[PDB]
Amino acid sequence: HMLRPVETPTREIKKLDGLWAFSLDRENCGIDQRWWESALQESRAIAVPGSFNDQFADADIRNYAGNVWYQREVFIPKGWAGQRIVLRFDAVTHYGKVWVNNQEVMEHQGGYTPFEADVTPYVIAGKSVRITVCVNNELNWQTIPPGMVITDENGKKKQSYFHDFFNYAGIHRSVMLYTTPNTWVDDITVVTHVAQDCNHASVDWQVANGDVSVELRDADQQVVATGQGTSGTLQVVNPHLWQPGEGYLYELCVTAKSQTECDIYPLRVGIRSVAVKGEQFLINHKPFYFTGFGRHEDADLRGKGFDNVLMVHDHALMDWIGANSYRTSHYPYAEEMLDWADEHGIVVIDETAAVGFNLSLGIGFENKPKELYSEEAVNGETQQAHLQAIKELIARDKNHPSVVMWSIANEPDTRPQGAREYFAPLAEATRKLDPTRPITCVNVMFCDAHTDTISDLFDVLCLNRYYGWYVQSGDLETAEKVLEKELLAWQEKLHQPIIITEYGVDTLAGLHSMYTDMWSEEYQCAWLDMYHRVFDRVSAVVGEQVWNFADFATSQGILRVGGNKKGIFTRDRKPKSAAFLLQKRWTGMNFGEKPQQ
Amino acid sequence: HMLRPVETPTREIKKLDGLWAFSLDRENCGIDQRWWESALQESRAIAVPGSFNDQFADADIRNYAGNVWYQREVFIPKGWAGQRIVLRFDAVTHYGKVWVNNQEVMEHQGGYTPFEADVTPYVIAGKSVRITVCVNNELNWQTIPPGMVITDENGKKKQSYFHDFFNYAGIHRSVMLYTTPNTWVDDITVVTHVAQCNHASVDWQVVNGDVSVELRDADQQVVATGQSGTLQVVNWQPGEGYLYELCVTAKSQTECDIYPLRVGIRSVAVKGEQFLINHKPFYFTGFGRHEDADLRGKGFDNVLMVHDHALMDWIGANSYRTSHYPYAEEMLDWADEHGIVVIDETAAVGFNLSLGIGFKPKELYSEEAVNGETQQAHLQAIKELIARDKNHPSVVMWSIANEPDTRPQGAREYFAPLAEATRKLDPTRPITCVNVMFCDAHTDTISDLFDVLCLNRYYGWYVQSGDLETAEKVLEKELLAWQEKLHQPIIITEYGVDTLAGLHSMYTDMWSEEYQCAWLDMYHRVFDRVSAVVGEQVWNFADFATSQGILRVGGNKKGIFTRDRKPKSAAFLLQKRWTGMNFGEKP
Ligand SMILES: CCCCCC[C@@H]1NC[C@@H](O)[C@H](O)[C@H]1C(=O)O
Ligand SMILES: CCCCCC[C@@H]1NC[C@@H](O)[C@H](O)[C@H]1C(=O)O
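Residue numbers (the deposited numbering), protein chains in the order written: chain A, 0 to 206, 208 to 366, 369 to 599; chain B, 0 to 195, 197 to 207, 209 to 228, 231 to 238, 242 to 365, 370 to 597.
By construction, these hints were calculated from the structure, which means they are not laboratory data.
Some hints here could point you the wrong way.
Footprint (simulated), chain A over chain B, 3 or more residues, beta carbon under 8 Å [unchecked claim]:
id, segment
1, 55-69
2, 75-86
3, 132-140
4, 297-306
5, 309-322
For each residue, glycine too, the CB sits at the ideal point set by N, CA and C.
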């Protein structure tokens, strides 16, 4: 049971603020020598939140595999003698184990979701405790995402993985201590139903030794509904709906009264209905059309570290270009992202970190498990770890009205028997963990309409298609034919709504061509344009998401010229020519509505 | 009187949690309608700290001149009923006025220094107060740095100024709320002396409480102790940078307050052709810098500081100049705490009307331009810099201004009071004023009111363009001319050439990486031949944003690094020189 921290009977002191002591451990003696005991040797200042790889311009820190130590002292605020205090890590990429002054208090696997522990017994209010963090950036076959650690003859660990983006690690987001009353709200769940768009209710179901009443206050803070019951309610309402263009928010505030002290938790709600009918995706009983991007949490110097200016600027760009939706590509994003999405009515495809369950999308000319689904590779523990990743993503983003669909994985290889054996239970478990949202699994190119094995276990079909790029390279005529043929094949086979969640081409900013050859800005424009002409001719396609909003870092190889260049913007957010192409189509269309051509 | 908040009896909650409501005021009715009354509407989220220009990819926000509105609520923590609580803005670039629920708690002019006010009478602990800030980015002749606003025919403002870097504005740094005990230290002053194995550290810990001071070590084990005033003997170097800690106890019987403040034991002084740190002949190596970065403008960011310091350490720089304004206080904590030599400078740039582009007041020193009010604001800006960076050991010299025009009559009236007054505002640090190329040896009027004079020279770039043999001859002859003409130590605070990353040439044509390399090598060979100059700082460390014009290809491109911090070929050239010399000792 987890909620995002906020105010009044609750209060934060964040240690996000500032520089920590940081150290490597090339021989992994930190645990043996109990480094959490003393203040570190060999410590250098590092900034949190932020990846550790790019911060020191050193290829050895950058390419490190192992454990790293983050440590900082802090003064525990003194008006906190009688309240309950928690230590919350909003993300520690891959694995983290924390000591609060010689006392292990938490441990976590999963680099993208928050994890907290009550630390009341282990701290002296009014004085300073020392926080030590042990961070592991290693991936094996039971981590979400999977990878393999390669140890050379000399014990240097080098991490290989099967996804594009670079394996940035560290404390990527918020680290804070926050206090709730000893009687406190611990979890909230809100569900919205709507009929003729002027007439429904907000079911609730709450959970910590406190009798609870909930007021549903206005944007004007005018109250229009009231309930009581730990097992919640159905507050019935005639309302203004949370819509894609505007995203209205009521405020449902839950009051947890114990007979002495009280706690109250403010939770914003968007009144909207999501469903799939035939080949139509409907938000509030109207067929929506998705436009926008796959994104990444990547940026210069800070890696995957959260940054407010970046969020403000990237939403300004996305707003300008006319995007209405995005997918949290290949891991759960910072919650600040989803909060922004709620206030602005941005439609979001929420996705777990389950990427790389595929051993066919390689560079060439170089020792893998020859069976993807097996005891050596993706096995039962992997499945359990995956289900737990689904449970953490859902427990954190269930109430967000902007999250409109759950993505279980991205681009697994579905051809082997055992893909369906691995995925079907996860598809079912996910539906039972949130029956109010449709479910998806993003589908790779070579698992075509004929060969794919699991897409009928999901509500929406999300395709990643690169005809004319990785195959039929340079050939816009042939690729157009292939793309039309496979889209009609998919619509014939499943009669589900189709979103093209990935389509894009590597483009060097400033490379121009009078031909329309690959890597050129002219080719990025003509290729996106040919895709758009096809989408507009297939009734089932309800959504387009250009593969990347910006250029991002990847591991080194012959396929990646300083990373992935499929961005519409450069890594410093400057637009390639295709940006204006996109802006013309996406602002020239009626909002949320499929282009009539 | 100023110092940075810390936490043992005092406590901060920073409102730097960035997202504030933000709005323009294009018809300038915000003050009239008292927008601080209600929450701003027609408001959009903005990140604090950070400049407001570049955050929104909007050219109308970017080039705006006027007032902008920043607003955020905060819940004042309830364990704060009896202490004194202050609202601290570490910097609001150019002008700021704060309302804490209607009570206009402050004002500040001067965009690079902090300003704080006690807000206890106007705050109820346990609930949220509404914070409204009005920041103005406009410049006149009475501002630091100076500028002129011209209004076109339709009431549209265009802000013109005379310094290179772009006029970024907004809440550039920390906004923190911090609570002290009701008898509290308000200021600290420390001075260190050292002889040629032993010496003393004066203090003056201006507070309502008796004073006791502990000098704890890095072990925080005691080495001297006192009880306003001291002078203590003992029994901080560039490569290493040690720091002791004096802890101040303001002892009262009603309540107690304590302040921890770091100190560096080192001595700086000049004569002959030598600048000596702890009685040792220094050589400055390093950079002119800027607080500039993508999307955030001049906004402070910790990752940027960690990365840029990794870069300067790798390349072999031991020093930098806080070019054209006072930097982040955290900059100087890093420099003290890492032993970086810092030439500290105020925001006195653009006092010159002579090298703009081609294609205005007709005398610079007069009431129309540089007037008496300008004298006041300049003196006050010098004094705010002095009050905030007085205790920092890394500061090794103070820069009163950068690149004024000294040729018009009257420069010496404006300047003499500021040099006398500033020397009188700290005799423990030497003073300089950076002078432009065209005020050469024969022409310059004021180089003798300062302890060291710092030259910005660009021969072979703006003059003798491409002519590197001829430029060599000029640089050598006027360098020797300066050495004979004042026999002061000389630091070269600026030398660099615009270099487009990826432009390469089999000739050595301007704007090319080969040209930057060849030009820097020729300059370096030139200095190796003048006993007098004790400091080299390549002009800019990274490419930075400027206002638009035919001289600036998407900004200034003189950086050794690009704006995304990638090295040009010259970066390695510099590394070879600065790694190949013995530390602090020039060939
Ligand atoms: C032949 C199949 C090619 C799949 C390649 C498409 C990949 N999908 C996942 C994304 O994270 C990658 O960046 C994308 C790519 O490589 O740019
Ligand atoms: C004839 C030109 C005289 C030198 C003027 C050179 C200028 N000095 C001041 C710095 O702020 C500028 O960045 C520098 C430049 O080039 O960008």
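Verdict on chain A covering the segment 75-86 of chain B, criterion of 3 CB contacts below 8 Å: holds (count 4)
Coverage assertion for the segment 309-322 of chain B with respect to chain A, Cβ distance below 8 Å, three residues required: Since three or more residues must qualify, the claim that chain A covers the segment 309-322 of chain B holds, with 8 doing so at under 8 Å.
Coverage claim, chain A over the segment 297-306 of chain B, checked by counting residues with Cβ within 8 Å (three needed): holds (count 4)
Proximity test - 8 Å, beta-carbon atoms, the segment 132-140 of chain B to chain A, at least three hits: It is violated: at least three residues are needed, and the segment 132-140 of chain B offers just 0 whose Cβ sits closer than 8 Å to chain A.
Given coverage of the segment 55-69 of chain B by chain A, tested with a Cβ cutoff of 8 Å and a minimum of 3 residues: Held - the segment 55-69 of chain B has 3 residues with a Cβ nearer than 8 Å to chain A, which meets the minimum of three.
Violation of the numbered hints given earlier is confined to hint 3; every other hint is satisfied by the structure.
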